[PDB]
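Each chain, written out:
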Amino acid sequence: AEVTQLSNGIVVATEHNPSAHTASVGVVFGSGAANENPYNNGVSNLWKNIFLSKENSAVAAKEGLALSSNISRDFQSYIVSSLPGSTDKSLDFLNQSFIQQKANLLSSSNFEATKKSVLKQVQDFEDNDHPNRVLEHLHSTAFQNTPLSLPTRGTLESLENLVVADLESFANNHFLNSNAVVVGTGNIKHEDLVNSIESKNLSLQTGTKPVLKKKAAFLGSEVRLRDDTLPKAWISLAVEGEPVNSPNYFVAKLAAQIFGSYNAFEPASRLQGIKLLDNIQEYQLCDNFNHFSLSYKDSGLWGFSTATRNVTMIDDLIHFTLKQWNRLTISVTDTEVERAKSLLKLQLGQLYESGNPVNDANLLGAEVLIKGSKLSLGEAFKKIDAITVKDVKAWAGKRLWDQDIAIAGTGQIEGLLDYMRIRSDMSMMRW
Amino acid sequence: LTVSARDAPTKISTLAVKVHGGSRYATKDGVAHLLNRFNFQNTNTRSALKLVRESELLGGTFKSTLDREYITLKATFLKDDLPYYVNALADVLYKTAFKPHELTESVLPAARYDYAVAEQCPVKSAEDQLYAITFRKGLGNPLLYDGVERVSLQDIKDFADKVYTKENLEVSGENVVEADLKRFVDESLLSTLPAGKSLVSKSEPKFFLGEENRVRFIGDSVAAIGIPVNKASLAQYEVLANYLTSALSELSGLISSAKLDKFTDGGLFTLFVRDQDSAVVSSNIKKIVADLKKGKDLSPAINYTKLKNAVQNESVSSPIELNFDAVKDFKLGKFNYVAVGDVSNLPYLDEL
Amino acid sequence: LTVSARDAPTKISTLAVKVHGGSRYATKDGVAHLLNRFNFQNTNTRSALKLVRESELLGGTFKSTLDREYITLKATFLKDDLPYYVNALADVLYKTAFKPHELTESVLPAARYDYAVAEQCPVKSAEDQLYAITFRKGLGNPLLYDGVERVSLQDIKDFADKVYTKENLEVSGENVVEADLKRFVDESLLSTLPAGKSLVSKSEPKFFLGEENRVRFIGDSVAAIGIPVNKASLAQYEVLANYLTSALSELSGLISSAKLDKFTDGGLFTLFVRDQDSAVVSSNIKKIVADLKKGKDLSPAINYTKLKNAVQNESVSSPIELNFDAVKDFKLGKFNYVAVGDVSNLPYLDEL
Amino acid sequence: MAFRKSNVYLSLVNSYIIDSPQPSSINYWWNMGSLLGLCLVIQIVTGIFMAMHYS
Amino acid sequence: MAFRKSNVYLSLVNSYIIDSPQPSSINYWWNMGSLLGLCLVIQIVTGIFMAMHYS
Amino acid sequence: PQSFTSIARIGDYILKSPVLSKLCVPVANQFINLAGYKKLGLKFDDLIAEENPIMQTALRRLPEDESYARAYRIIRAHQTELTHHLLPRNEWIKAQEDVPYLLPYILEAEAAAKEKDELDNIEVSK
Amino acid sequence: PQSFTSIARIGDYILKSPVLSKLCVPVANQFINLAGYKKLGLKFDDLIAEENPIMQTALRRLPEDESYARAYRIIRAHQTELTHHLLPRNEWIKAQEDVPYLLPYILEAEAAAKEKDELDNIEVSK
Ligand SMILES: CCCCCCCCCCC(=O)OC[C@H](COP(=O)(O)OC[C@H](O)COP(=O)(O)OC[C@@H](COC(=O)CC)OC(=O)CCC)OC(=O)CCCCCCCC
Ligand SMILES: CCCCCCCCCCC(=O)OC[C@H](COP(=O)(O)OC[C@H](O)COP(=O)(O)OC[C@@H](COC(=O)CC)OC(=O)CCC)OC(=O)CCCCCCCC
Ligand code: HEM
Ligand code: HEM
Ligand SMILES: CCCCCCCCCCCCCCC(=O)OCCCOP(=O)(O)OC[C@@H](O)COP(=O)(O)OCCCOC(C)=O
Ligand SMILES: CCCCCCCCCCCCCCC(=O)O[C@H](COC(=O)CCCCCCCCCCCC)COP(=O)(O)O
Ligand SMILES: CCCCCCCCCCCCCCC(=O)O[C@H](COC(=O)CCCCCCCCCCCC)COP(=O)(O)O
Ligand SMILES: CCCCCCCCCCCCCCCCCC(=O)O[C@H](COC(=O)CCCCCC)COP(=O)(O)OCCN
Ligand SMILES: CCCCCCCCCCCCCCCCCC(=O)O[C@H](COC(=O)CCCCCC)COP(=O)(O)OCCN
Ligand SMILES: CCCCCCCCCCCO[C@@H]1O[C@H](CO)[C@@H](O[C@H]2O[C@H](CO)[C@@H](O)[C@H](O)[C@H]2O)[C@H](O)[C@H]1O
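Residue numbers (the authors' numbering), protein chains in the order written: chain L, 27 to 457; chain M, 17 to 368; chain B, 17 to 368; chain N, 1 to 55; chain C, 1 to 55; chain R, 2 to 127; chain G, 2 to 127.
Isolated chain L, as found in the complex:
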């Protein structure tokens, strides 16, 4: 159990998994939505879709290859999956997609058709995916006029104004060697991959460095998208959280696990050791909720999202939740912290020990881009077990107690009270 990483101009990172019956090879760039501007916003999502374009997918399918691409805020990935014995065929495809060619996919017919498809996907997301649309607006308001505020899929306005030149322009500025990491996961040998890459010459294409921008900043604020025609109220609320590599990265995740997630329709979900559940189940304040600790390069967001049909009691839902958060600073119990440790280990285990090579490729690539390595699950578990009640209290005392919040909501949110009533609940009266 270990992760190897070598360099020679191109940084190669692999993670051999014997129990895997497939392999994934790809490139992860250290640039995402947070590297775009308001006007070209969605250009990365455009790249993802042309990579997954029918023409390109057909070539890959003929060789028994499957394509994957993920657009995030800090990173961007392009992965090719195949049987363990066809790892060579994956690299040949990857070489043709970035090095050998970089304008064949950008033909008028392919660009227009792809652009038309993403425009449809984004319009759909905006009209129908309320919980995710609300979470995207949380980022938009929390980090407004800052890089982290840009939605990963882009916006309809900027998307429809995008032309091939914008794609090429972005590719030239970000699809660079110094901003990339070739990853290999599943059944793969570090030596085989590093030698197959080193097999080809390609050395002249490099040297260039990506563009620099402004620093992400949190701003207490809110964006309300009331829609009385929707059957529920969907809201996300959060404070400034922890960036990746923060000394409190795990404490923040443990705190989120204390309140966790809930589904009113699942019998076992209603039996969880979460004190908040005693307050919200009596009058059934919501259908579901999920606490999170989103971490990025420059900042993060700690809070929760919830959906409810109880439109006349939203004030109680928010009040009880925030009152529980108050407890992290003054009265969180030893048992609550212990329960959270166990569940945090379980979530981390399921995230990192998945049987999916593409998931591992994304995780490996993203982590080696930020810290030049991937923290072992063993060392993560040890940090988690070391977290104390005092640690949680010190963290909440600086991050939660009487701190600004960002709020986003859509649907029947008339019952969601004004900003100050919510903001006041971030603390309690004391003597």
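Keep in mind that the hints were calculated from the coordinates and are not lab data. Even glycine gets a Cβ: it sits at the ideal position worked out from N, Cα and C. Misleading hints may appear alongside valid ones.
[To be verified] Derived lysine to any residue pairs resembling SDA-like cross-links, with alpha carbons at most 20 Å apart:
1. L/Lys367 - M/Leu74
2. B/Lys278 - B/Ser334
3. M/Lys44 - B/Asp293
4. L/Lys146 - M/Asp291
5. M/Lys153 - B/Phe233
6. M/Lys309 - M/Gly226
7. L/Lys409 - M/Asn103
8. M/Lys322 - L/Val85
9. L/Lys349 - N/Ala2
10. L/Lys258 - M/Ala132
11. M/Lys79 - L/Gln298
12. B/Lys66 - R/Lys117
13. B/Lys153 - M/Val231
14. M/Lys350 - B/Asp366
15. L/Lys367 - M/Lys350
16. B/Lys222 - M/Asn361
17. B/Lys66 - R/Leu21
18. M/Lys115 - G/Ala113
19. B/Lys115 - R/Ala112
20. L/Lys349 - N/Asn7
21. M/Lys90 - L/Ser368
[Unchecked claim] Footprint (simulated), chain B over chain M, 3 or more residues, beta carbon under 8 Å:
22. 58–69
23. 150–159
24. 163–170
25. 232–241
[To be verified] Pair by pair, the computed Cβ-Cβ distance ranges are:
26. B/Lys198 - R/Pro105: 34 to 44 Å
27. R/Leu83 - B/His117: 31 to 41 Å
28. L/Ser133 - M/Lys222: 46 to 56 Å
With chain L fixed as given, assemble chains M, B, N, C, R and G with the ligands onto it according to the hints.
Quick look at chains M, B, N, C, R and G with the ligands alone, frame taken from chain L:
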């Protein structure tokens, strides 16, 4: 009482107790679903509440899944806690309380939730329909409980007796040491369970062809075709499903979904065309059928399907298909058809 | 513009304006139902409220009825007030306001009610199904509006334009002096209506046989059979319907309902078996079909049918009268079948 | 629900002076009512205390 | 609805004194509360009228 | 209190009279501009007191698109009012946009209510 | 507010002891007969104050047929009380009929509630 387990130096492990008690074996419409929902409720010695609270403390979660073939009780947890989870799953099969209040307060409401969700998805209704007209009683049984046929507490208990037997289940473990798993299973109440019969049928199921059923529904329209497939003919249908949903086929952009449901005694190929506009569904389905009837070469999709069939690593008792290296051509013969939605403006089987 | 009437020395008279705009002619699912519900709402010169208050003081009521073939506007009043009702009915066809608020506030809710009432009656569900699988698009159109196919205000107005024409309606009167009726009809706006074209098909409708549809439903189970009949075979199915429902048949206690729906271009014979117990429905339908395949002598039911057919008749537009004398035997050939309810435990067309 | 809403007495206080939905645009002229309540309290309290010494 | 239920003031009267659902079996001991209300009224009224002549 | 049927009757009479129209309309135009509701982004019909059956009937019948638009103007007007400012000149409602969008719904509701009252109190002359 | 779990624990201890049983049961029998609830057509379990979460859970779980019967006994008892009479002797609840039909539902709810409270306050000994 089969026991298998693949090991790994991981920190997380999964345990699965697969019981041949899916909807195909349901004595009454929906009983398999209700039993699935009863799993993890109170046992004679431990309440559902204590199970959840205890499992959270040591770091583990439980779930019971229902499909046409099985009722799978799964546990995901920290590796070293294996014995606890083996006994927990065993206690469910051997001694669930089955209290009347649990049926009314938790089971029925949860099953209503599942139905309500599925009820709004026309493709799931179309799939249920496809199974019903192609197989009828048995494999064609409804997956979920919709209450058309009343199911009592006793019916649920009777089905548990009929399905929870040593000969009707397989224990599987991932990232688990087989030696220990076998030892723990032998010490658990699993071995104390009665050794009934394996409900698995060896012979091929009776099927029907050229069948059609139409269902009015408010929402998206769906036209679907179902084809019963032989045990030996299932490899060519697997490649067909992947081919039809890949960039290798010109009609992939016309189909919402296509797949092959595989069982030990055969399978069912299903293809769905879904859209809010009935005219679009009509044109798409007509084009798909006409194209498939003309036939096509599935050879180019061989290496691709091999990769896709392999991405199912989580499955332990997976049906091996070395038959891939023999598939080439496909020509659409007889099939079954179901229209759901704006039925008055959807094609009839006669027109295809 | 056919105008006929039968007089009598009574206090009460009835007036009907039969329009060939029933569900069989519905352009979109439920539009005939919606138009039927729109009748007697506001006209351009008189509100629905004034019409009601005015006719109450006079001593009369209005009603609009819908069936597979007609949309019938009927008035029942005190004899001497005939001209008022002639003009009232004429105003409806010529100048109903069709205000958007009337659709939302009165028409849609009223149609929603009609649907909910029928929705809980499985034989009516089975009957719609029988008409659907036998004739499809034409006479197979759903009787009521259920919302699967969106129907706008404009669609309703379009249907009115299509069906409210002089060549497409017949005016009837009972206990009314014909001479005066014709005069009032000519003076009314009924004569100013566009002389369109009769929608009545003179040829025989396309039909299907050996078709079946199964519908899951909570409540009583129902097994029904539908048989398309020619204009010539009409009389034999009339006596059959009455025979199977009379004390002359030893299977009348096994059937819930049996009838022959007569149209100018043919008809549909329907037989329904209904019960809360699906086992009873199964037994009965299987026996009914077995005995009908064995052949039956309908001769003894001839005089009974002449009596029953005579009582059923009242409208001045009844089908083929003298045709009964030649009926003799009957043997069930091909037919259509529908199962509604506990479908998983109901017979299939196969075993019939 | 919150105690201010469930309690029989506090629910009145809550409906009248805590959660009462007010039009966002009411101006300072809408402050006179609270002033009248204050006046009544001032009068009754000073009056009672003076009554103790009045003949 | 009836005015006694619709009107803002009458509704309270109706709620407490007219439509108030009473257990069918309460005996005469449950009449003391109304008597206490009567007593308070008697005291306040006689008191005020006497206050007019008191120093 | 004064019905819109009555306001229209008097108003139409002034409008259809070349003499009165030339004498009254200019005064009315200045009255409206001095009113200042358009400076808050409002149309006159947005100003009608709605707490009565006629107006509730009218507002319920108002098509969705216009209803959403009215909601926005009212909300924006409240926000502008509470800040003690007027909207920027370019956001003011133009005279061409100050249309009686609700009036026809109001007149229809009033006519129906008037007829119901008449029918409820009709006398029979035997 | 003494729990039924506590009551049963003490009572069972008395019933299981031949000495205490022969000494207490007779006095208890006399106490019950003097209580007179059976003369109003009531069973002891009908007398339990129900305005608490445990009792509401118990009553909700009580099977329908028994719930309807309990309802009748309560109504009939109120009617008899207001008329200041006792029921006819033949309608009195017989000793054999004075069964603890609700007790098992009550004990079950109390046990579950007790466990939840213990689990909500569990301490972890590392
Ligand atoms: C007199 C003996 C009885 C004593 C009782 C006194 C109680 C006060 C009565 C006065 C009153 O009700 O006036 C209301 C009138 C309406 O105002 P508006 O809602 O449109 O305000 C918008 C404001 O800028 C928001 O502004 P903001 O809230 O930010 O601060 C407002 C202002 C409020 O001052 C007051 O307390 C009221 C005068 O504070 C200041 O900036 C003052 C700096 C020293 O306020 C005004 O704007 C004044 C207009 C002339 C009224 C003259 C009074 C006739 C006698
Ligand atoms: C000085 C300050 C007090 C002055 C005002 C006090 C007035 C009321 C106080 C007495 C009281 O509340 O006693 C209630 C007690 C309960 O009775 P229950 O509900 O079980 O009745 C069934 C009844 O036959 C229904 O009978 P029914 O309604 O048909 O008529 C009842 C009777 C009522 O009389 C009264 O005024 C009430 C006491 O009318 C008559 O027929 C009497 C003919 C002269 O009635 C009794 O049986 C009295 C028990 C004596 C204890 C008194 C102790 C006081 C120190
Ligand atoms: C609605 C509230 C009240 C109003 C409007 C009111 C008004 C007045 C006025 C105008 C005077 C004459 C003040 C002067 O010129 O010296 C006065 C005097 C007095 N009031 Fe009140 N009053 C109120 C309530 C009360 C109450 C509740 C008491 C209780 C006994 C009270 C006790 C007195 C006394 C003792 C005086 C005489 C001393 C003095 O002149 O200030 N008042 N009140
Ligand atoms: C709950 C209400 C009241 C109670 C319990 C109460 C009680 C009493 C008592 C026990 C006395 C002495 C009676 C005696 O032995 O002579 C008294 C006297 C008096 N009370 Fe009250 N009282 C009440 C309300 C009032 C009110 C509201 C006033 C209004 C000012 C008032 C004015 C007087 C006066 C003037 C006297 C002196 C004359 C007398 O002795 O009767 N009382 N009260
Ligand atoms: C800015 C100022 C701040 C300074 C603070 C000092 C000012 C004090 C604030 C508290 C003011 C409350 C005054 C209103 C009041 O007591 O009347 C309540 C009438 C109840 O009527 P409702 O609002 O329709 O409520 C609901 C009730 O009608 C339902 O009936 P039920 O369940 O029987 O409950 C009934 C109340 C009964 O009491 C009365 C007398 O009404
Ligand atoms: C009879 C009625 C007449 C008066 C009408 C006017 C109403 C004014 C009442 C003021 C109550 C303010 C409470 C604030 C609160 O609870 O928020 C508390 C905070 O309170 C404070 O910080 C103290 C502010 C000082 C209050 C000044 C007292 C006013 C002097 C009395 C004048 C009236 C005689 C919750 O605060 P948080 O939202 O940040 O968590
Ligand atoms: C604050 C004081 C507390 C006292 C509580 C006592 C409550 C009794 C109040 C009596 C109101 C009766 C109203 C009946 C009614 O409206 O029904 C009216 C009929 O009223 C009558 O016939 C008159 C009855 C005369 C009762 C005398 C009143 C006694 C005054 C002394 C009470 C001092 C407190 C409707 O009757 P109907 O239902 O047959 O159509
Ligand atoms: C002219 C005035 C007429 C009065 C109009 C009524 C206006 C109400 C305004 C009063 C504000 C004061 C409320 C404080 C009390 C709230 C706490 C409470 O009710 O706790 C109570 C207990 O209260 C007591 O024991 C004494 C209350 C005496 C209050 C005397 C001022 C708890 O009540 P709980 O809601 O928890 O329900 C109990 C479970 N069955
Ligand atoms: C602690 C203080 C006392 C607590 C207050 C609550 C108890 C109130 C009991 C008083 C009984 C008296 C009620 C009579 C008033 C009912 C009629 C009414 O409200 O008509 C009112 C008009 O009232 C007035 O103009 C003056 C009322 C002054 C009353 C002075 C005592 C009509 O109101 P309306 O309900 O018809 O509103 C129309 C809804 N479409
Ligand atoms: C009405 C007659 C006159 C009475 C006297 C006036 C009353 C004054 C009360 C003053 C302060 O009461 C005090 O208020 C502050 C908020 O301002 C509370 O603070 C609370 O919220 C603030 C945020 O706004 C947090 O920073 C703080 O950590 C938290 O404890 C504090 O815990 C409470 O103790």
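Consistency of the hints with the structure:
Of the pairs offered as hints, the one joining L/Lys367 and M/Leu74 holds, with about 9 Å between alpha carbons and a cut-off of 20 Å not exceeded. For a cut-off of 20 Å, the pair hint linking B/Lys278 to B/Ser334 stands: about 9 Å separates their Cα positions. Pair hint M/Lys44 plus B/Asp293 holds up; C-alpha atoms about 15 Å apart against a cutoff of 20 Å. Note on L/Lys146 and M/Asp291: the hinted pairing holds, with a Cα-Cα distance of about 14 Å set against a maximum of 20 Å.
Distance restraint check for M/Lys153 and B/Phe233: the Cα-Cα separation of roughly 17 Å lies within the 20 Å cut-off, and the hinted pair is therefore satisfied. At roughly 15 Å between alpha-carbon atoms, M/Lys309 and M/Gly226 fall within 20 Å of each other, so this suggested pair holds. Between L/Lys409 and M/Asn103 the alpha-carbon distance is near 31 Å, which puts this suggested pair outside the 20 Å criterion. For the given pair, M/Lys322 sits about 16 Å from L/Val85 by alpha-carbon distance, which is consistent with the 20 Å threshold.
At most 20 Å may separate the alpha-carbon atoms for a hinted pair to count; L/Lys349 and N/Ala2 meet this at roughly 11 Å. Distance hint between L/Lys258 and M/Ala132 is fulfilled; the C-alpha atoms sit about 16 Å from each other, no more than 20 Å. A C-alpha spacing of about 14 Å is found between M/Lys79 and L/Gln298, which places the hinted pair at or below 20 Å, so the restraint holds. Using a Cα cut-off of 20 Å, the hinted pair B/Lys66 and R/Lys117 holds, with the two alpha carbons roughly 8 Å apart.
Taking the CA atoms of B/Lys153 and M/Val231, the gap is about 15 Å. The hint holds against a cut of 20 Å. Restraint check for M/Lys350 and B/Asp366: the C-alpha separation of about 18 Å stays at or below 20 Å, so the hint holds. A hinted pair counts as satisfied when its Cα atoms are at most 20 Å apart, and L/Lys367 with M/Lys350 does not qualify at roughly 57 Å. Distance check on the hinted pair: B/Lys222 and M/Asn361 sit about 18 Å apart at the alpha-carbon level, within 20 Å; holds.
This hinted pair does not check out: B/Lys66 and R/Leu21 have alpha carbons roughly 38 Å apart, beyond 20 Å. For the suggested pair M/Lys115 and G/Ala113, the alpha carbons sit about 13 Å apart, so the restraint of at most 20 Å is met. Of the supplied pair hints, the one linking B/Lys115 and R/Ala112 holds, its CA atoms being roughly 15 Å apart against a limit of 20 Å. About 19 Å separates the Cα atoms of L/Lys349 and N/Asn7, which keeps this hinted pair within 20 Å; it holds.
Restraint check: the Cα-Cα separation between M/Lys90 and L/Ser368 comes to about 18 Å, which is no more than 20 Å; the hinted pair holds. Closer than 8 Å: that is the beta-carbon criterion, and the stretch 58–69 of chain M has 0 residues meeting it against chain B, so the requirement of 3 is violated. With 4 residues having a Cβ less than 8 Å from any Cβ of chain B, the stretch 150–159 of chain M passes the three-residue criterion, so the hint holds. Proximity of the stretch 163–170 of chain M to chain B, defined as three or more residues with a beta carbon under 8 Å from a beta carbon of that chain, is established by the 3 residues found.
Counting residues of the stretch 232–241 of chain M whose CB lies closer than 8 Å to any CB of chain B gives 3, so the stated coverage by that chain holds, three being the minimum. Look at B/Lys198 against R/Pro105: about 41 Å separates their beta carbons, and that is inside 34 to 44 Å. The supplied range of 31 to 41 Å is met by R/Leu83 and B/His117, whose beta-carbon atoms lie about 35 Å from each other. At roughly 53 Å, the beta-carbon separation of L/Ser133 and M/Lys222 lies within the given 46 to 56 Å, and the hint holds.
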